[PDB]
Every structure is written in C-alpha cells, then in structure tokens.
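Participant: Next come the chains, spelled out residue by residue.
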Amino acid sequence: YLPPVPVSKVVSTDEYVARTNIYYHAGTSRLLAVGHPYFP
Amino acid sequence: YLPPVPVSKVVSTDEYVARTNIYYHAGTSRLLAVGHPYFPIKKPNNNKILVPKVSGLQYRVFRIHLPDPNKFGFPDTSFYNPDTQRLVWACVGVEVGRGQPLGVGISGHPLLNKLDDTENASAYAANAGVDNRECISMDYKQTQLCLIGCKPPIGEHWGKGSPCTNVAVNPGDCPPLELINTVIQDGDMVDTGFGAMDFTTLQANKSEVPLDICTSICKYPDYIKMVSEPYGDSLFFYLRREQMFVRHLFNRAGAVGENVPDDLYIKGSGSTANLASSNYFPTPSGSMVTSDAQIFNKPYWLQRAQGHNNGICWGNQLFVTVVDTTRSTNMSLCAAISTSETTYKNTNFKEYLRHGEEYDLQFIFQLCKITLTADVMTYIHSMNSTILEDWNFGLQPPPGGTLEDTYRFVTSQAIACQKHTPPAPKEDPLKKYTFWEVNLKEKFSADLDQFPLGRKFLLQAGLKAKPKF
Amino acid sequence: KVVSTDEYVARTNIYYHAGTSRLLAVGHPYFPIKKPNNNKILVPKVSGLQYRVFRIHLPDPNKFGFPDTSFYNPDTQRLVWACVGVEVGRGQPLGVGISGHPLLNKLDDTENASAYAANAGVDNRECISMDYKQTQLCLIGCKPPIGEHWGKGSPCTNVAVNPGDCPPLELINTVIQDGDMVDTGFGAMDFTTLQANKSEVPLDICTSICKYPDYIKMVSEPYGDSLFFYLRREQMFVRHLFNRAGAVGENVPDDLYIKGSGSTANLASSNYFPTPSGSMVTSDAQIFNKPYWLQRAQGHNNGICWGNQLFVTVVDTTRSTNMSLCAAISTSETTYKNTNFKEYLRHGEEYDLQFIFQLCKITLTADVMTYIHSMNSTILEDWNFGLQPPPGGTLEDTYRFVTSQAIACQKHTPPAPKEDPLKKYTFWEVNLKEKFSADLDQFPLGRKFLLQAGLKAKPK
Amino acid sequence: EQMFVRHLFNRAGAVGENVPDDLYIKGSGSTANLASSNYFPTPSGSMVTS
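These protein sequence lines are chains A, X, V and H, in that order.
Quick note: the first sequence uses the numbering used here, first residue 14, plus one each step.
Quick note: the second sequence uses the numbering used here, first residue 5, plus one each step.
Quick note: the third sequence uses the numbering used here, first residue 14, plus one each step.
Quick note: the fourth sequence uses the numbering used here, first residue 374, plus one each step.
Honestly, I wouldn't trust all of these hints.
[What the hints assert, rightly or not] Derived PhoX-like pairs (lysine-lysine); straight-line CA-CA distance at most 25 angstroms: (1) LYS473/V - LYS13/X; (2) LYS303/V - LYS461/V; (3) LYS13/X - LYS471/V.
[As the list claims (entries may be wrong)] If you anchor each label on the Cβ, the simulated ranges turn out as follows: (4) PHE382/H - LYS435/X: 41 to 49 angstroms; (5) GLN308/V - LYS435/X: 29 to 37 angstroms; (6) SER282/V - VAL47/A: 40 to 48 angstroms; (7) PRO265/X - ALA260/V: 47 to 55 angstroms.
Rather than coming from a laboratory, the hints here were simulated on the basis of the structure.
Where is the CB? At the ideal position from N, CA and C, for every residue including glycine.
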C-alpha cells in the first residue's frame, strides 16, 4: 500500500472568513413558563 | 569487590532510536457490548452460551495490532535506506472515549452468611439455627484506572498451594496461603475490597460474597513487580483513583474455627453463657461520584516514562487495559406475556437484565528508524530475540542453525506410512490467553487536521498544518 | 554548644542504592495462635493495627573499597554513610478492615429513647464492633522512636488504698516495640492494669499498651538523632453514643440537678463514650509510593546514620481488609448446613524498602575526637582510632586439663559478642548487607534521583 | 453532574431466569425458595452549592 491523497482538506473556517470592526447586541426581555410537572 | 564489568547495563532506549518528522492517526469507529451482569446464559442442556456474561466490573483487555511500517512506503521514501535499517512505530498520545450517561450499578446475593446487626442490639442475639442466610446487596468500591504498554499487565492474587508435609491435613484445617503472579485475562474481576484471591477454592460456602465474584479470582495490579521490570516494557505509564467507606457491620455464622483464650475476657452466664461468633466483615459503600474525578475524555501526553522504553511498541503490538465503575447502571425492563387482562398481576411480567458498554480508542503515533551494528544487534537479541524474526536484517539468518531437510516422500497416505500435516500458522505464544480484540490494520490516515483529537496535538505544538488557501 | 553536623562532615561525589526484594507477612488479627497445652505459638498474631518496626544494618563502608580509592587517606579518616532519600512501597488493593468484641459493657442507645431505660441486671454486655481511626504516619532516624503512654504509678502514702479506689495516673516514656498498638482514639495507656473489666474495648487492644509518638520530647533531643523527619495524616468522626453499666464510682452532687421520682426516682449511669468512625478513604491522602527528598531536618544530623544503623517505622490503616474463607469438612451432602463449615481469618501484609545513600568522610583532630566521644563514645569502638593500649605479661597453661589431676576449673570469658544493648527489645529485622549496587540507572527508583538533578543519563 | 446511592430494593415479578444452581447451594425451610434476584439503586441528589 501507499495512501493516495484524494482529499479536499476540509479546512479551518478562519481561512477564508474575514473579521470586521463592528459589533452589536440584542436580547430577549425575559422568558417565563408555567406548567405541571407530572402530566399534561 | 566490584565485582566484574559486563551487564551491559540496560540503557535508555532514547539513545539509539531517532525520531522522525512524520505523524499519523487512526481509530476505531467505536465498540459496544451487551451482557447480563450476574452469570452467563447458556442453553440448559447444551454448554453453548446463549448470551455472554458482561458487566462493568469485568476487566477489559484491549489488544491492538499495527501493520508493519516497513511494508508501508511513504510519500517521499528516500530519506532512509530500508535495507540497512528498519522502521518502528512509537506511541506519543492516547485517548479513551466513554459516552454513557454516568450512573452507579450494583449487585447482591440471595443467600449470604449473616447473623444480624452488630451496630445496635437491645438484647443478646438468638440461637443459631440452620441457614439464616438472607437476601442483601451492596455497592462496590468506586474505581478508575488506566494501563498502557507493550507487554500484558501482570496480575497477582492470594491463592492456596501445598502445605509442607509434617502434619497430615485433615478436613477443616486452615489451608496455607500463597502469593501468586499471573497474566491478566478479560472477564476477570476487580476487587470489591475483599482482596485478590480464589473464592472458588478457598471459599467452600460459595455464598460468602455476592454472585459476580464468587466464580472467578478477582485480581489486582502490583505496581512494584511490574515497574520492577528491567526494561519496563510491561507498562510504561498509568493513572488511578479510587475511594471507599464503611456502611454496615455484620457477623459470619457457622462453625467456630478457634475460640479466643478465656484470659482475654471473663466468663459470662445466662444470656452470656455462650460466646457469639467472633467474625466481622464490613460492607463497602461507594461514594458520591463526580464529573470531575472522571479521568477520561481528556487527552494525554507522554514524553518520559519510568521505564526505558519511550513509547516504543515492539512487534507492531500494543496493549491497553481500562476499567470503570462509573457506568455500572443496570437498566431493567419488563415484557408482558399477556397484553389483554386489565387487572395488574405479578404473573404477567417476566424480567430481564442487560447492561450497556461503550468504548472508543484513538491513538497518536510517531515514526522511527534504527541503525544496525553488532552492539545494536547484540543488545536487541538479548532483550527479546523473537522480535528479530519478524524483521529481516538480514535474517540472523541461521548462524543459528538450519533444518536438516524434512523428509517428503511420495505416498498416497494409503501406502503403509505415517500421517503428515502441512504446518505452522501460529504466531502468538499467548494464544492460550483469550481476550477482547480489535483490528486497526486498515484505518491509518496521514492528515491530522481531519480528526477531532489530532488538531489538539497541533495546538499543543502550535505550528499551522499549512492550510493557507 | 552542639553544632550543625554539616560543619565538619564533607560530601562526596558517589552514590549507591540497594533494597529488599519485598516483605510479606501473614497472621491473624485478634489473638495469637498456640498449641493448647503448649506455650509455643502455632501462628503469629498480625494485623495492620500492629505497629511496624524496621531495623536495617549497613555494611561498614570502610571495609568497602572503591573503583578509585586514592581520593582519601583511610588511615587519618573514616567513611560514614548518609541517607539522602527514602521510599516506602505498598501494594495491596486498598480497603478497610475492622474489629469488635463479643462482650462489651453497654447500657443502651443514648441518642434517642422513648421511655426511661430498664433496670440494670447482671452482664448486659453485647456483641458490637466498630472501625478504628484511619491514620498514616512515617518515621525515620538513627535512634529508636520514643513512645509514651498513660499508666499507673504508686500513690503517695497517706491514705491506704482500699480496693475500689481511683488509681493515680502516671505519664511514662518508653522505647517502642513491634506488635504494639495504635490509638483507637482511646489514648495510650495500659488497659491490662488500669482496666480490670478487660471487656471495655475490642479485643486487639485489650492486651497490650497502645502508644503514641510525642513529637515534643523526641524533637526535643539535643542532637535530634532520634528522628530527623516525619509526616502524619489522620482523621476521625463520631458515630454512636453509649453508656457504661456498672457500679457508680461517684454520684454528682444533687445541687447540679433536681430530684426525680417514679421512673426518675433513680439516676442512670453518668458515663458516656463515643464510637469512633473512620471516614471515606481516598487514593490522594495516601502518603506512600511517592519519593521523598531530604536536605535539611530540624535536628543537626543531616542524614548521618551512625554505627551503620538506621531506623524506619511506618503504620497504615488503609490496607486493614480482612479476607475470610471457609473450608468444608464434608463435601458430599447437598443440603446446606451451618455445621459443615469452619471459618478462619487471615490478613495480608506487603512492604518494600528502597534507600538512596550518600558517601561521606570525616577529618580528625582532638576537637573532633572529643566532640564525638561526648556524643556517643560507643561509636568509637567500631572504628579503629581508639587506642587503648592493652596489658598481659604472663600466663600458665598447665596442660592438659582433662588429664584429671586438678589444675583449676575453667574458661569464663564469653561475655562480649554482645553488641546491641537493646537486644532485650525485640522487633522485625531485615539484612541488606549484600545488596548494594553502584549504578542508579538500573533501578526504578534512582533514575528519578537523576531526573531531579538531571545530569546526562550518561553517554552512548 | 453528580450522584450517589441511597437505598437498595428488589423487583417483584415473574423470574426471567434462575441462576444455575452450581453458583450456590440448595436452601431449605425459609430458604427452600430463592427470593428474586433483581436489585436497583435509588439515586440521591447531593448538596447543591452556589
């Protein structure tokens, strides 16, 4: 044997991507849920 | 007194070996096993096993073959002469994956020699009848360990040998004890905290412990004798954590072997006319299990080991032995033989017990070459000569002797002559010793980047693998 | 003005190592085994709770030449060994053992009682057991470990002691011997003398005097050569609360309470004692199977072992596990019976010792000679410096004596093979004399000694 | 995550399979019959910390 190299490399994303200067944020107000534990 | 020179004094393997630039990886998909904890399942009339007996407390023994490097060419092979030299694999780093959700299992026995509680008793105990054995269970000591090296792990246990002959042994005598080393086989049992020995021979009652261990010989590793090896190639590395604590205190019940000399106490009377049995044994109790003390699912990195081997695996062969108590959870399910009747009854439901097992192995490796001179050849031939066979110098070949030309005579076998059978498959002397097997031979790859584990190997050494575009 | 030994001593370039194969011991925990009529022991009594005492001889260095001996004058000087580093191997699978006693003075539970207790009969003793305090310790030095215990002395004579009096107490040092017992948390004393009942504690300790080290007096030694080093870890916690039952020695003055009646007409016994309870054992708190490295110790000895002698004493509670097996006197009958099975109890023991050593020389002057001779002069005997001119002008041999004409009756001088004056004090023994080797590389332990200082692995 | 043991119980129902005898010795009287073999733990949460 010898390994053939039929591979496309799957690559680290940080290769082609490019980082910018800008940031944002958003968030929910809050979440609230009520129910019974044992059965519906 | 010196006294002489030659030993030649075993050396650090890192002397003559040289390290290369290339690395590889391969790993199994994964492994799973299913089997009842308590006893194996077989057809009642037959001896053939219907279902294999498996439980976490069974040890695991992994044997792993590697394909001969020197069959395996390279992208650029020029950098060495394959004639004057050889290639040998080296093991840099190792991982053990374990995927089950963590939880404790357990065992018991239906009949167990017991008197009563020793912790608190209002009045003196009752008279000893026949067979007060009861159905009681306990948890085993929690434990984690890991073992790696090219030679099988070396075990030890208590056991009975032959009493020196002066007094003729009568039935009921105390059999003498002997300390015994042995090779470790799969399916063997961890200590429960009762120590490594043979219950089968030394325990006649057969009821003195919970089932799982009653049959076989629990064994335990001796770091000393192992690490004591001159080459260290038994094991070059290991880790362990374990803990235990007391829960209950009981009494054996049976014929007293010996009574304490009176002078160690004072005569009783009435309820105290007689002395209760002297025996006591603890009930081991596992403790809080944490995600922290898990020693797995985390990479390891080796450079220097107590032995002189540095990650060298001779004969394309490598051993790993690992045992966990943490996944011991036993799921229990029920099947209904009759689905119609709407009144609950204990009659309708059989019960079975099956236990899950989840392993994975991923092994880094490094590549190495060896120069040959006499001293070289000598030094090896001392260590293990069998190694030489699978390699080809040169063979020796025989300066060590040649066969005298086996007789081949043309006979139908119907002629008056003996049988002859064409020989020689066997390459393993240890084939006597059974244990779990996996083959990797096909799985190697030359690019770390594509695997989860490896890229850490990069990250530890940094060094972009060179994905530029 | 005692001085730091490191003043006059000088350190050499050479090291050695040797060690035992292993040590192995078997015995029964609770009492020794002997032929019933005889006094001869059939099986030795052994349990982890017994202390261990290791005595180790070294061969005289100055009998032992060197590859190149030129670097010193063996006449003007000597050679003495030094102990750099030490290891204790322990191989058993870790697990806790236990003890009890079939008869124990007890009343009833003190923790919760619905109604007042019953009337005291005669002998309510019961069969109850407990776990001992888990403990680990280590001891190293050239003089034996000094123990201490409670004990009874002689009361001053004013009042004549009547039976039933409180014996006064005495604090007593002694040399520590093998087979002696750790504290259970009941403190070092003699039960045998001070406890008449003999049933008040579980068996193992009932016989002998448990003892405990006094760091003070020991470390108080002016030369420190008792022990130069040590470590300890231990823990305990409560489990149960009980009452003695017996004749009241003294009643509390009433004013400390109010009179009862009915059920409360009488006062229950005042006594209480805890039941010690060992805790969860871990692989971490194990202090063993790991190297040690000494440079400076509290005493002025720096690893000097005089008289080729060295002491190690170590006790563990962690391996106390007691395996129990059964033999069948009748193998035939298929109906289970408690009749068929005798029971025995045996307990395992595993030790190993590996000792680094360093090599050292001593110059002599008067000041030298004096200062030693002060410390321990017996040391000078085993060396060659001390002279000591002898006498002995004339003798008369009269030969021959069996000839039965009476010349005097005869030779009386055996008395001095005696070397150890402590030969009275028995304890476990091992001889290393034969085992030394000159090269660390071939041993598991040593190469670490290299690694700690690095240095070359040496060529090839 | 973390867990530890609290109690030890027995299923009750039709026995799926009986252990081969040779792993024990015949009972009698109270021991004439074998209790069910099963066991299962009762998991117990532990001290929660901030």
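Participant: Give a verdict on every hint.
Facilitator: Comparing the hints with the structure gives:
no.: 1; hint: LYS473/V - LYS13/X; in the structure: 11 angstroms, holds
no.: 2; hint: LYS303/V - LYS461/V; in the structure: 11 angstroms, holds
no.: 3; hint: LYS13/X - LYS471/V; in the structure: 12 angstroms, holds
no.: 4; hint: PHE382/H - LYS435/X: 41 to 49 angstroms; in the structure: 45 angstroms, holds
no.: 5; hint: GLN308/V - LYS435/X: 29 to 37 angstroms; in the structure: 53 angstroms, violated
no.: 6; hint: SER282/V - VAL47/A: 40 to 48 angstroms; in the structure: 59 angstroms, violated
no.: 7; hint: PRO265/X - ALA260/V: 47 to 55 angstroms; in the structure: 27 angstroms, violated
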